[PDB]
Amino acid sequence: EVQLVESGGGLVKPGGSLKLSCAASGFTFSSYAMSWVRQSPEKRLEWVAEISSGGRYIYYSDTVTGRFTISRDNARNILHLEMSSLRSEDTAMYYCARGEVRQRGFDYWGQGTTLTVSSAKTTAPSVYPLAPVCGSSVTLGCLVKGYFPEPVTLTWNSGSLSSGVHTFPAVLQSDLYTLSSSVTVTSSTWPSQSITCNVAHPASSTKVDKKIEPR
Amino acid sequence: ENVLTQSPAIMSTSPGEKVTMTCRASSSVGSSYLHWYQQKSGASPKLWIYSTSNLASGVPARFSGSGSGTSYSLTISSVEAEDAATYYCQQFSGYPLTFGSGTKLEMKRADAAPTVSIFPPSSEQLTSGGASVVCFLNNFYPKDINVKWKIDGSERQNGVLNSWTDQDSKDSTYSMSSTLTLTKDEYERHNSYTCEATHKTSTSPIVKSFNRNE
Amino acid sequence: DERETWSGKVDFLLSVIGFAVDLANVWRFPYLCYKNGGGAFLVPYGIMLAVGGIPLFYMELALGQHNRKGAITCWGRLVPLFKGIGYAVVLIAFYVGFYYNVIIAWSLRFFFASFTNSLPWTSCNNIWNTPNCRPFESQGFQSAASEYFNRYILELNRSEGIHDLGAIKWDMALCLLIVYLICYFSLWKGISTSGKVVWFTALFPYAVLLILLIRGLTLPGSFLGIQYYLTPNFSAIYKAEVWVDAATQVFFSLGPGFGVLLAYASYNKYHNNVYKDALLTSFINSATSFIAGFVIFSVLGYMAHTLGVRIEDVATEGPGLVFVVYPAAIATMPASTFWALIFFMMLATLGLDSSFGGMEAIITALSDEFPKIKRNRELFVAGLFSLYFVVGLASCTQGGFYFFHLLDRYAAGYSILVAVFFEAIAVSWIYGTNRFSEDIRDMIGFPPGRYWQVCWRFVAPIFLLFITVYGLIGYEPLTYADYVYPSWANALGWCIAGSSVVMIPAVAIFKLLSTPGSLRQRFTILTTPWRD
Ligand SMILES: CCCCCCCCCCO[C@@H]1O[C@H](CO)[C@@H](O[C@H]2O[C@H](CO)[C@@H](O)[C@H](O)[C@H]2O)[C@H](O)[C@H]1O
Ligand SMILES: CC(C)CCC[C@@H](C)[C@H]1CC[C@H]2[C@@H]3CC=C4C[C@@H](O)CC[C@]4(C)[C@H]3CC[C@]12C
Ligand SMILES: CC(C)CCC[C@@H](C)[C@H]1CC[C@H]2[C@@H]3CC=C4C[C@@H](O)CC[C@]4(C)[C@H]3CC[C@]12C
Ligand SMILES: COC(=O)[C@H]1[C@@H](c2ccc(I)cc2)C[C@@H]2CC[C@H]1N2C
Ligand SMILES: [Cl-]
Ligand code: NA
Ligand code: NA
Numbered sequence: 001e002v003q004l005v006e007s008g009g010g011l012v013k014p015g016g017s018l019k020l021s022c023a024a025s026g027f028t029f030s031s032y033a034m035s036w037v038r039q040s041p042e043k044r045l046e047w048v049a050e051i052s053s054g055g056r057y058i059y060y061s062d063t064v065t066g067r068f069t070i071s072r073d074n075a076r077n078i079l080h081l082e083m084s085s086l087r088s089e090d091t092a093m094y095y096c097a098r099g100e101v102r103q104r105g106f107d108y109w110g111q112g113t114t115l116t117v118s119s120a121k122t123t124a125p126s127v128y129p130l131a132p133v134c139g140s141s142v143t144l145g146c147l148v149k150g151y152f153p154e155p156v157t158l159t160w161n162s163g164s165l166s167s168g169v170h171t172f173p174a175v176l177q178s179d180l181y182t183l184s185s186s187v188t189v190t191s192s193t194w195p196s197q198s199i200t201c202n203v204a205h206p207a208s209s210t211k212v213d214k215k216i217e218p219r
Numbered sequence: 001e002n003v004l005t006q007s008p009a010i011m012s013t014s015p016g017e018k019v020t021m022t023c024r025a026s027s028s029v030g031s032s033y034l035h036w037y038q039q040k041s042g043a044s045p046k047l048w049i050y051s052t053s054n055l056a057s058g059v060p061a062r063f064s065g066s067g068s069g070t071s072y073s074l075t076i077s078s079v080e081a082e083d084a085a086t087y088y089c090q091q092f093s094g095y096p097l098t099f100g101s102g103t104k105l106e107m108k109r110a111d112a113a114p115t116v117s118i119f120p121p122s123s124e125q126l127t128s129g130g131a132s133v134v135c136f137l138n139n140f141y142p143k144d145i146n147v148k149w150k151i152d153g154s155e156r157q158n159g160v161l162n163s164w165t166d167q168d169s170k171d172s173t174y175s176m177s178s179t180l181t182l183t184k185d186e187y188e189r190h191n192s193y194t195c196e197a198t199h200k201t202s203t204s205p206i207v208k209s210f211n212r213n214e
Numbered sequence: 025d026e027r028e029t030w031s032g033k034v035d036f037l038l039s040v041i042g043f044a045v046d047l048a049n050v051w052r053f054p055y056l057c058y059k060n061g062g063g064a065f066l067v068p069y070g071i072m073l074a075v076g077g078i079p080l081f082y083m084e085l086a087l088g089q090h091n092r093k094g095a096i097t098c099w100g101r102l103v104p105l106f107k108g109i110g111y112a113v114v115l116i117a118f119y120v121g122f123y124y125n126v127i128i129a130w131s132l133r134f135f136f137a138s139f140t141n142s143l144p145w146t147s148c149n150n151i152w153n154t155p156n157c158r159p160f161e162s163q207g208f209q210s211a212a213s214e215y216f217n218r219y220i221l222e223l224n225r226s227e228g229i230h231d232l233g234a235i236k237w238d239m240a241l242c243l244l245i246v247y248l249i250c251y252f253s254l255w256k257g258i259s260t261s262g263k264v265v266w267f268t269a270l271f272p273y274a275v276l277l278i279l280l281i282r283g284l285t286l287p288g289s290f291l292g293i294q295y296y297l298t299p300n301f302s303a304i305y306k307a308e309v310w311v312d313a314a315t316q317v318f319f320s321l322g323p324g325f326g327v328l329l330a331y332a333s334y335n336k337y338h339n340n341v342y343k344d345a346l347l348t349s350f351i352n353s354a355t356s357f358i359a360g361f362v363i364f365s366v367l368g369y370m371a372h373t374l375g376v377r378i379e380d381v382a383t384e385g386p387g388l389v390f391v392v393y394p395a396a397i398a399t400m401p402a403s404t405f406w407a408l409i410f411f412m413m414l415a416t417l418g419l420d421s422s423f424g425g426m427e428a429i430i431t432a433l434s435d436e437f438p439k440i441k442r443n444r445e446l447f448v449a450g451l452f453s454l455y456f457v458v459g460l461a462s463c464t465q466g467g468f469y470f471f472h473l474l475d476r477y478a479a480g481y482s483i484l485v486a487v488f489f490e491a492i493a494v495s496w497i498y499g500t501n502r503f504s505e506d507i508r509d510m511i512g513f514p515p516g517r518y519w520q521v522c523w524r525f526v527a528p529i530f531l532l533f534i535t536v537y538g539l540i541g542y543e544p545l546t547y548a549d550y551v552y553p554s555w556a557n558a559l560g561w562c563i564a565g566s567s568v569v570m571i572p573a574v575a576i577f578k579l580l581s582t583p584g585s586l587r588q589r590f591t592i593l594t595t596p597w598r599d
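Residue numbers (the authors' numbering), protein chains in the order written: chain H, 1 to 134, 139 to 219; chain L, 1 to 214; chain A, 25 to 163, 207 to 599.
Next comes chain H alone, as it looks inside the complex:
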């Protein structure tokens, strides 16, 4: 029915400038004031800017204003802002969200688009098989370490078995993300068949598969 899609975004060096755009479909766009709302890794929702339908009325946040400019294309049904002089505190996932009626709040929300503002340099991940050890069911893993920035794709056996897997969150240490994923299978299944860990990093153009056994 109603879809909103934010595009653009990615890694940006501090002071750098960028902006993304929301593609609205399924409703008459001219008649609904839009708004941009962002959410940090602390998972706290902050408002950024609102724009009226004809866009003659524009409201900004004070942590933002002057570094951010919100724009509206009704003809093509496009909403985008404009960002300049970014900070590392400007890092978040940015949401396209609409409501015309204040009394009614925000009806529909985009899928979100990530933005990471960092002086840090892009680097591709190392992937290691975690295998054991020297039982009824067995546990394995691939340790994915030393990459920047998220996001990454980690699946098992070409995304075959989704059951029994635990993919932990990345954590940043020394301007680098570490990650690992644990799965459990039947001691019969392995090593009797073969199992692969599949990592995917878009930003570094990295794509990896790997297998595990006793040695």
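FYI, nobody ran anything at the bench for these hints, they're computed from the structure.
Think of the CB as a built atom: it goes at the ideal place given N, C-alpha and C, for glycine as much as any other residue.
Worth double-checking, as some hints may not be accurate.
What the hints assert, rightly or not - Where chain L lies over chain H, by a calculated footprint (3+ residues, C-beta under 8 Å):
id: 1; region: 43-56
id: 2; region: 123-134
id: 3; region: 177-188
To be verified - Calculated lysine to any residue pairs in the SDA-like style (CA-CA distance at most 25 Å, straight line):
id: 4; chain 1: H; residue 1: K215; chain 2: L; residue 2: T127
id: 5; chain 1: L; residue 1: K170; chain 2: L; residue 2: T20
id: 6; chain 1: L; residue 1: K46; chain 2: H; residue 2: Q3
id: 7; chain 1: H; residue 1: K19; chain 2: H; residue 2: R72
id: 8; chain 1: L; residue 1: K150; chain 2: H; residue 2: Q177
id: 9; chain 1: L; residue 1: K184; chain 2: L; residue 2: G159
id: 10; chain 1: A; residue 1: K343; chain 2: A; residue 2: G516
id: 11; chain 1: L; residue 1: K148; chain 2: L; residue 2: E214
id: 12; chain 1: L; residue 1: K46; chain 2: H; residue 2: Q177
id: 13; chain 1: L; residue 1: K184; chain 2: H; residue 2: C134
id: 14; chain 1: H; residue 1: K43; chain 2: L; residue 2: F63
Since the structure of chain H is already known, use the hints to place chains L and A with the ligands on it.
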């Protein structure tokens, strides 16, 4: 700005139980301008309750809301597991617009100790001139848990990466991952390697371990 | 940025309620339900109010608090091609002041004449009476309540027409002056006073309406008169002329087009909810009429019961009702002197609150144009009123009614109809509804439903045009009683009708010629809003 503080921040609840969350503001707010959003983990927010009382579409009627002035509350009368999420409130009473701190719902479960898997440095990672050990603590409750690494009967604490998953929507358990960062020059000096897990389940801590000789 | 604001939320409403309420609620609302077939009439009155009447009342009030300034500037800052609309509207309000304010002078003259044990107008044996006189309203004879009002109060018998005004009646003079000394000191300083004063004038009638409402229903034939008022005949639903009366009433009674609601609303806060205020003000107005409808006929039945008079004689609209028919009844009942003083006091407070908005929409309109007259309202009005007063001696003259009726049937009659039509079109088309809505969403936080603009963009013009179409069909030369107005007076009346409208094409023409550049791109300058 009008700051909305929400309490309580984390909330554990067993199914069917009644839960209420509070949202309190620094300044008085127009009764109709308040709102409530539900955000499931790993997906965008949803509008839950608009105005103050009024529910949105697809919103089960087991949800209700109340209050005025600086005092508001969202109440889930009875709870299913499908209701586990983070809830946010918002005021349109004036610019700049503002969201509360958020209230995280997590289902309460019967206590279960972790099964601890311990994996060594990969054959490959060594060829990178370094080694790191991984401990896996899976399917336990509740979230708080403590790992302690030890080597050759000696334990010092540095360079370990601990990660806690969000709450499983299947069994409603957690999992933890602890990784010890170490050199290649190092860990050619020692042999015994140990990963311990102290939980609420057993005063006796879960002990897994490995020896460099195999 | 900063502009003065109302003392309180109420002071605003009371002003608009007061302004919008006057003797049109009394003397034309009851009579319409009667001759148009009772509560049945409330159907077409309802529809015309719903689709036609209120949307306009809403539009003038919204623009008021949004564009934040007077009628001119409000139409200046909106569509400068049409800025002339602001001008037209104001001098209309200017014109009306030459006559309308005269009514409260009659009320106070009656009021001043109401102090005594024995009322003067009950008797046919006085000096001003003629053999044609009868004690009450009769076919072919003159009621002693009419012969009082004409041969004594107005002295209108001593006038041969409009050409002969005769002598100025000074008992009226100081009465009219008293009105201006009141309207002065009400508007004398800011909305700081006037906003407070309306608490009396917009209220006091509702008090007097009550004690007359009960006193009227206690009378012997009251249960009858209400039947006359509301007894349904649904054949009228099919009558064209019924929707004309109802649509006209609905439109003329709410009062857009004098640039007042625009003016008053300007002192509103930007975010004050004016949609609620539009609906609530409307209701009170129609209600206040429907009520007094009950108040009149309960007194009317009583005359048809105890006093034994034909209904068709005493069921009437216009000043004749309140200054003749009603007081005729009252003098009969007990505590006579009491009922008079509150009735006339009510008539007075019914006029005052209304007149203020007109004078205010004039001042407020100018203050946002010429700054040093803002520096002093303060003797600006003093001239204006004394100007009113000096000219107001024409109506203070024996032929005064002939004068009065002339301005009435001409000044605001077709002038206000076309004046509004451009307001609609300019807003709904030139300015656009999309940007008119988008304005209101910033104001009250939500945009109007698909219903409202459908009234502004389509219904309203079809509605207004419908009124002037059947307005011309039913046209006759100006006449009062046996007196037919001289065609020069008719023409002179159209000048006062044309001098209002002529502002519109005047400023349209002037500006586009006074603008540089290509003729096609000098129009876009006048289509582009001040805010942009
Ligand atoms: C605050 C200022 C108050 C000023 C009042 C308004 C000015 C009115 C002046 C003309 O009216 C005068 O007074 C009476 C009307 O008020 C007239 O009738 C009166 O005539 C006798 C007055 O002595 C009484 O017996 C009658 O009841 C009464 O109708 C009277 O012919 C006339 O000279
Ligand atoms: C006779 C007295 C007592 C009451 C007069 C009736 C009036 C106030 C009623 C009759 C029909 C009503 C209208 C019915 C339809 C609507 C639609 C709504 O979206 C705006 C209000 C509006 C336009 C109502 C306004 C009030 C209304 C005009
Ligand atoms: C039967 C008749 C005589 C009763 C009339 C009662 C009168 C006094 C009623 C009718 C409508 C009422 C108004 C309705 C709305 C408001 C808005 C509020 O913010 C101030 C009071 C005010 C302005 C009310 C004042 C009292 C009021 C004017
Ligand atoms: C004289 O005509 C009026 O009384 C108008 C108006 C008005 C405007 C200016 C003046 I001086 C007097 C009345 C009051 C209300 C609102 C419109 C109409 N009345 C129904
Ligand atoms: Cl009416
Ligand atoms: Na009226
Ligand atoms: Na009035």
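Which of the stated hints cannot be reconciled with the structure, identified by number in ascending sequence?
12
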